[PDB]
Every structure is written in structure tokens, then in C-alpha cells.
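In the form solved without the named molecule, a lone chain appears below as C-alpha cells.
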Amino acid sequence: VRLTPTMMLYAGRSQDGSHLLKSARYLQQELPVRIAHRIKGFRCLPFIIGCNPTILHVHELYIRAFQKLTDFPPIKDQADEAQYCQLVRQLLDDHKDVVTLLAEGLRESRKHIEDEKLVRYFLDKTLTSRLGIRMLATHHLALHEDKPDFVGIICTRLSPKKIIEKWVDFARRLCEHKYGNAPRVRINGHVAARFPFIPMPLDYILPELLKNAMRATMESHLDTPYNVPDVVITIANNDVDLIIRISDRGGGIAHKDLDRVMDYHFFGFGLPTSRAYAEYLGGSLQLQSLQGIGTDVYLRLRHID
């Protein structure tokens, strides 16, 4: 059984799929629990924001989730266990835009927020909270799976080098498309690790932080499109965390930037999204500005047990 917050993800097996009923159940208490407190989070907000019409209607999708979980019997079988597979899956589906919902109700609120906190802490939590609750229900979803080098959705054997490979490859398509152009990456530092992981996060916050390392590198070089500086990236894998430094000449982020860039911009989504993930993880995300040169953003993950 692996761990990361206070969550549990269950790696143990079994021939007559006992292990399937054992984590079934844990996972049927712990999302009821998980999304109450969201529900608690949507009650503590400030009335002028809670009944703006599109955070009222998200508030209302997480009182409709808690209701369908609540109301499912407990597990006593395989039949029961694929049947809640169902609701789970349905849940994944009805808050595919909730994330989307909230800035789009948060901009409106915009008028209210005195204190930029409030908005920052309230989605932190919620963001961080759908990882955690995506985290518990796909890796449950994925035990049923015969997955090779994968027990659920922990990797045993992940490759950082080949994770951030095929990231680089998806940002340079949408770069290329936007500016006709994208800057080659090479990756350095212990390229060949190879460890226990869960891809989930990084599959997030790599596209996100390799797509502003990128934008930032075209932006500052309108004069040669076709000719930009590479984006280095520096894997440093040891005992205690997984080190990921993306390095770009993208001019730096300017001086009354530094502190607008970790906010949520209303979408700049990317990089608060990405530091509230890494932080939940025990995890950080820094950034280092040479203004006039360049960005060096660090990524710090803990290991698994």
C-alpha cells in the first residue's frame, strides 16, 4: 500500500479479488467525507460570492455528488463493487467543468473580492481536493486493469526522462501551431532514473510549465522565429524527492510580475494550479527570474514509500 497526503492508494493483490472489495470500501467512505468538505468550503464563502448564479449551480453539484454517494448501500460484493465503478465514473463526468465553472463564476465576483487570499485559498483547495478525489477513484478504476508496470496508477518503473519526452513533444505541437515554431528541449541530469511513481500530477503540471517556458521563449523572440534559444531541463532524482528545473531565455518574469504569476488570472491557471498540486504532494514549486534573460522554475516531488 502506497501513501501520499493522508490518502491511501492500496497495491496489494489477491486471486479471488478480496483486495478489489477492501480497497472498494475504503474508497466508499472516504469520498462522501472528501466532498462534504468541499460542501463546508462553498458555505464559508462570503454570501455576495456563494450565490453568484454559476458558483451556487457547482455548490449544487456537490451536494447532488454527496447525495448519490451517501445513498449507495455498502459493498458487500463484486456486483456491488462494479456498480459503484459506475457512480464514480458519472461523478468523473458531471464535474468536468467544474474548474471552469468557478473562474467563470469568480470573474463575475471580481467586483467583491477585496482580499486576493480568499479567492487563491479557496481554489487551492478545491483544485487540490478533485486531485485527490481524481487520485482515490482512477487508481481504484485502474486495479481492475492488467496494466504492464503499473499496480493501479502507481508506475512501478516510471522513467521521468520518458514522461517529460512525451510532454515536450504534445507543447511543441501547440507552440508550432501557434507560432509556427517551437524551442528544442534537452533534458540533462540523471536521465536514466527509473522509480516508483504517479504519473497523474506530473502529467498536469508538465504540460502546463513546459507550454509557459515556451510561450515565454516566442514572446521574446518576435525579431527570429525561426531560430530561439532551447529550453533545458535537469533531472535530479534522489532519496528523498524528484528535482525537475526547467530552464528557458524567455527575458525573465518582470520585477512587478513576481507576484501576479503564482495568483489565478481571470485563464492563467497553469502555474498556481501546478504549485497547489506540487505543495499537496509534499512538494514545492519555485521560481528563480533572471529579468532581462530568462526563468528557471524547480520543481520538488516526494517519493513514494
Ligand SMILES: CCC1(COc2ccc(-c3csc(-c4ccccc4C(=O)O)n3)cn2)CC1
Contents of the next structure:
Protein chains: 2
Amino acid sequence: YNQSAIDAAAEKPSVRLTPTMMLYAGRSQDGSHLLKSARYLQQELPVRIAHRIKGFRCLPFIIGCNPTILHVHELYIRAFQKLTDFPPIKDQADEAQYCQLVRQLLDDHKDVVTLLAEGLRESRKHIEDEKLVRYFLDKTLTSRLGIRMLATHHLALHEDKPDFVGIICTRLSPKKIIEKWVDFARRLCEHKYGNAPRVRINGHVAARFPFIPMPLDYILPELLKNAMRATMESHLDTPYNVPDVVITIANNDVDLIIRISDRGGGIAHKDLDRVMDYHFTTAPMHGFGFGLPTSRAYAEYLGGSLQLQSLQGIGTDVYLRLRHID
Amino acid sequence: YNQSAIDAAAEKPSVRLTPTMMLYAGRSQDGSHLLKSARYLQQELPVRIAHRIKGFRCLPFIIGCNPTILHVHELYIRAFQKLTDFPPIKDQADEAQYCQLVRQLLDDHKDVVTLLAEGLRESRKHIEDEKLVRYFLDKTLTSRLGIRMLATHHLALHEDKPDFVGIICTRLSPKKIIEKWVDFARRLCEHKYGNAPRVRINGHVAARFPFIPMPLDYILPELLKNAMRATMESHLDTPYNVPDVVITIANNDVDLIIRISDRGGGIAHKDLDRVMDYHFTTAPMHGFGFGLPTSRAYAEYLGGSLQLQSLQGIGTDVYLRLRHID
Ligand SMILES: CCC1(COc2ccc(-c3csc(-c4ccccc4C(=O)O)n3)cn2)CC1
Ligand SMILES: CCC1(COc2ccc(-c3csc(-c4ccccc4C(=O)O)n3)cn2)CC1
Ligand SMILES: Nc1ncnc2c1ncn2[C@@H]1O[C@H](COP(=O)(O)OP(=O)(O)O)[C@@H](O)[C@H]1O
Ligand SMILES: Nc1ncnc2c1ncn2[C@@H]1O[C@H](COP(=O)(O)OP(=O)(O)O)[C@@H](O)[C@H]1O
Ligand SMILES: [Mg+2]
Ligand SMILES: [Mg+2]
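Alt. form deposited with the named molecule bound, vs. the form solved without the named molecule above:
Now the complete complex, all chains and molecules, led by this one.
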């Protein structure tokens, strides 16, 4: 690329808007909170993009040369250009034009991860470091989550969604968000297998607290698709009589724990170390190998964890932990 | 100590009798299997003792000087002397005299761990390495388990216990051994709290396989005492209505998994890193701090693991894994 403008922002450090600082925006009888947030987003978005362009520049030359990798690298450069070229936000007209660019760039970059994984897969013969692919995809996925959180938050500040301040839900019920995806995952499972296991939810079912549901909107359907597929493939002779998937909610002052326990035979000993690798699968629902590593990258980025406990021959317990807001 | 006889056996490596090699002893119409095993035990017992005397010699001087530590060190030296002084086993008379010495030495050393922990506790002010105490107690406990397995196996070869070849049960049912300790632990819990949680056992309830129950005879009552105490202390207002402790058996070709799931509020975040430390407790049943670290040292020595999964505010799932025989 050899661009000096990008070099300037690759070294300047990132600024993360804390959940409490995000909530401290509600100047309704003025609209001054809208401009304050947009002025931050305008400055922060190119820094995040440049930090990732730096990652593409640090890829070994032979890999960075792949036409698909180069295309995604080019996309990140043009995105940085489009964002920095925009003049500073002064009024409601300057804020509105930025929101349109952000929405277009959020749609132009929707398939970056799929192109990146393909480019990296195509380059397997030249990849010497086994961790290279995992660390590059982990960092790309978490950078995008960070960007998508800031961008979606500012765009949602224009909506008057009940119980929400942008992307922060002030009254989130973990039981309701689980229920929302349980019915969705059962429909996908029913389509493939003719049936789906019934889901039972116990624990702190009435817990309510402020939280950002965005990461849970990815993790929960992925973990439910895994638990349901496994339960069906291990009860092939009785597809009509499959054991329930039991979800437990544990809410304490430190974190939120969601445990998903299935009776799907568990993860085999030989596969136990490969399940967290990108592309690894034993099979859209399945046939991807992204659900587990992406969900862990997500949980860890947000101060939590994704831990698996396999009981080979019986089932698996998946523990999703996420740190509380503030 | 400065004893040259012990120096000779501290360097000679250990020989471990594999489960299949132990089972290959049943020369009933001769009694030749009895002498072959005793001739091994006579040679192996001083090597194990010397390897541990070497550990006492490697303790920092200030700690090894503690009167309690010195007493246990002296006990190990006198044990090595008594065993090596015995003349080689040639007939049924020479085998019988060794069995009496082994039974006496197994009774003389019954309180070694309690004296050792006390001596180490007394020396806390001089202990600089935090891992020193954990590693010394882990190595002492596993050495003793190894010795107790060999000694008890040979002594049990004289018994005609059904479904057993010394200490190996040919038809072990994990459900039955769990049941055996469940009623025992409930009696101890009832004595302290006025009630105990009912225990539910599911999974591979009818699994049967060859196995050494000795380590399970320690781990299961300890893990059940922990799950029951926790369930009672978290349901103080309703001691009469406490949630069940649910045990799941998973039997596959690689290992045996026993999961103990309680609804006892879980292990607090602040205590989560200290629970595996010797002496750490939040309180004979309780007030010891040995149950968890000893059980893990045991599981790992036998090619398995002891893993804890805390759901703070709800309960804890404890996963005991043990590698299969052969
Ligand atoms: C060049 C900077 C831009 C584009 O930033 C992004 C960030 C995230 C996404 C996005 C769309 S769908 C999505 C996703 C969802 C679930 C799980 C994984 C992903 C993922 O693909 O990362 N993220 C798109 N553009 C602000 C203009
Ligand atoms: C000097 C070598 C000897 C003595 O060897 C041992 C080994 C083990 C034990 C023993 C008794 S009770 C026991 C225990 C049970 C459950 C959990 C922990 C322990 C423990 O104290 O290690 N182990 C005693 N003497 C063969 C003559
Ligand atoms: N609950 C589970 N029980 C059994 N196997 C599982 C479970 N969750 C995941 N797996 C295994 O891990 C593999 C990778 O999972 P994942 O990353 O979600 O991708 P996918 O399911 O789309 O292939 C799966 O193909 C499956 O073999
Ligand atoms: N199932 C459990 N639920 C909650 N706390 C537990 C559980 N198991 C162990 N603990 C905690 O770990 C501490 C140490 O346990 P352990 O080593 O068994 O010793 P003890 O229970 O005799 O004190 C206990 O004092 C208790 O605070
Ligand atoms: Mg998946
Ligand atoms: Mg205990």
C-alpha cells in the first residue's frame, strides 16, 4: 500500500467508550448528546481501521499477496480514506451525512470475514505458524465487533427503542433472550432432522440487569445450533424422542453465566483440541467450523470466557461467561 | 541423616506393575504367583521410600529442621531400614513374615500426612516459594497412594474376595460405588445440619468394567461431603427442602467421568483460586482444606483430572475423570 496517512493513525491509541459513559447521553431538549457522540465516532472509526490495516501489513508477504487477502486489505484502506475525507461534524446536517456513510460501510464490509477465511485457507501451503490463522481471524472478528458496537450504538441513539440507550438494554432478561433464539434454532434443527430437542431453562430465570445483547445475539444461536445438532445425530434411531437441552442462568455481581447442557454424546477425545480451530467441523447450521472459535473470541473480548466440558458418551456442558456492565 | 545405604536406592528408578501384569497372577494349584509378587514388593518398597527420603533431603534446611518434619523424615529412614534388613523371600514362611511387617508399617505411617502438614504450617514464616508446600504434599500423597496400592494389592492376593484380583475389581459398577458413599456422606451431613440433600444418579448407570476402586473410595466421599455441605449452607432458611445433588456417569473407551452437580451457590470468585490450596477452607466433614487438593493429586496421578465449574449464585459442577484399566 505504502500510504503515509494510514501510518499516522496506526500508532495513535484506541479510546473505548465505557458502558456508563455511553449511558451518560440523553440531552433530548437540545440534541447536543447526538453531536458529542458523532464527533467521537468520526475520530475513533479511522483509528480502529488503521490498527487493522497494520495487521494486514504484518502478515507474511506471501500470504498478504493472495488476491482475496489483498482485496480485503484494499477494502480497509478505501474505508479509512472515505472516513477521514469526511469534514468534521458541526451540525445535525453533518451528523446525518456521516450516519449514511457508516451504514453503507457496514454493508460493504458484511462479508470481510468469509473472504478473509477463504484467502487464508487458499494460502495454507505457505502458512508455517499454526497459530497465525487463529490469531488473525480472532483479531479481525473482535476488531469488527468493537467497530460494530460503536457504530450501531450511535446509529441506535436516533431510535426511541423502549428499555434501550442505543445498544445497551437497561432491563435485559437473559431468559427472554435465550427463549428468542431457542425457537429460532429449533426451526433450523426441525428443517434438517425432522425434529428438535425441547429446551428447558432454569436458574435465575427472573434476573434483570443492564447489558449489551449484541454479542449474545451471535453466541446463543450458535451454541444452541451445536447442542441441537449433536442431540439429533446421537439419537438417529429415535428422532421423535430426543433428550432436552437444559440451559441454566447464573447471575452474580461479577458476571452472567449461561450453561448449555446437552445429551448429544459429547465431543470425542480426538476432536477435543480441534473444536476451537477455525474451519474444523464434523459435518446452513453446520458445515462451517466458525461457531465455537468466534463465540470464544467474542466472550473473551468482553471480559468473559467460553469453556467446554465434554462427557464423552453422554453429552457436553458449555459455559458462557460475560462480565457485567459497570 | 548422612546414610550411604539410602543414597544407593534414591537413584535406582521405580518399576510400576501395570494393571494387566497384576491380573496375570493366579497360579492357585502352586502358590507360585504369591512368591513372584512378594519378591517384587520386597525390591520395590525400599525404592519408593528412598525416592521420598530424597525429597526430604531436598527441602530447604530451615524447614527440614522442624521437629515434626524431622520426625516424619526419621520415620521414612527407619521404614527403609526395616524393609531392606529383611532377608530375600524364598518360601511361604518368608512371604508371611514380610506381610506382617508391611501391615505394621502401613499402620505406623497412617498419620504421616497430618504430621507433615502441621510441620509445614509451623514453618510458614520461613517458606519463600508458595508452590513448595503444595508440591511437597502432592508428591507425598501420590507416593503413599502408589505404595498403598502395591502393598494392599499383595496383601489382598491372600483373600478370595469375589470379583477381585487383589485390589482390581473385575466387574466394577460406578453406580454402586457412588451409592455406597452417598448414604455414608448423607449420614455425616444429617449429623451437622439436621438433613442432607437426596442424591440422584443418571447416565451410564449400568456400566461395568475392571477398575481399581481404592482412589474412588477417597475422592467420592470428599466430593459428596463438599456438595452436601455447600447445599445446606446455601439453604439455611429451608433445611428441610434442599435441592438434590445430581451425579452423572459417563463411560467411554478412554476414561470414566463422574460429574457431581450441586445447587449450593457455587464457589465465590475470591475463593476460586484458593480452593485447590492445602488448608484453605471456609468453615469432621469440613474444617480441613484437604479434600479438593488431595482428590486432584489422586486423579492426576492416575492419568485423569479433577476440574471445577462454578456457577456463582447457583451451584458447582465437579468433573472427576479417571483413565481406564489397560
Ligand atoms: C470499515 C469500518 C466499518 C465497517 O465495520 C464493520 C464491522 C462489523 C461488520 C459486521 C457485519 S455482520 C458482522 C458480524 C456479526 C456477527 C458475527 C460476526 C460478524 C462479522 O462478520 O464480524 N459484523 C461490518 N462492518 C464501520 C464502517
Ligand atoms: C514406609 C512404607 C510403607 C507405608 O506406606 C504407607 C502408604 C500409605 C499409607 C496410608 C494409610 S491411610 C492413607 C491414605 C488414604 C486415603 C487418603 C490419604 C491417605 C494418606 O494419608 O496418604 N495412606 C500408609 N503407609 C509400606 C510400609
Ligand atoms: N455441543 C456439542 N456436542 C458435540 N459436538 C459439538 C458440540 N458443539 C460443537 N461440537 C463439535 O464441534 C465442531 C465445531 O463446532 P462449531 O465451531 O460450532 O462449528 P459447526 O457446528 O458449524 O461445524 C462441530 O462440527 C461438532 O463436531
Ligand atoms: N461443591 C462446592 N460448592 C461450594 N464450595 C465448595 C464446594 N467444594 C468445595 N468448596 C469450597 O472449597 C473449600 C475447600 O474444600 P475442601 O478442600 O474439600 O475442604 P473442606 O470442605 O474440608 O474445607 C471448602 O471449604 C468450600 O469453601
Ligand atoms: Mg456450530
Ligand atoms: Mg472437603
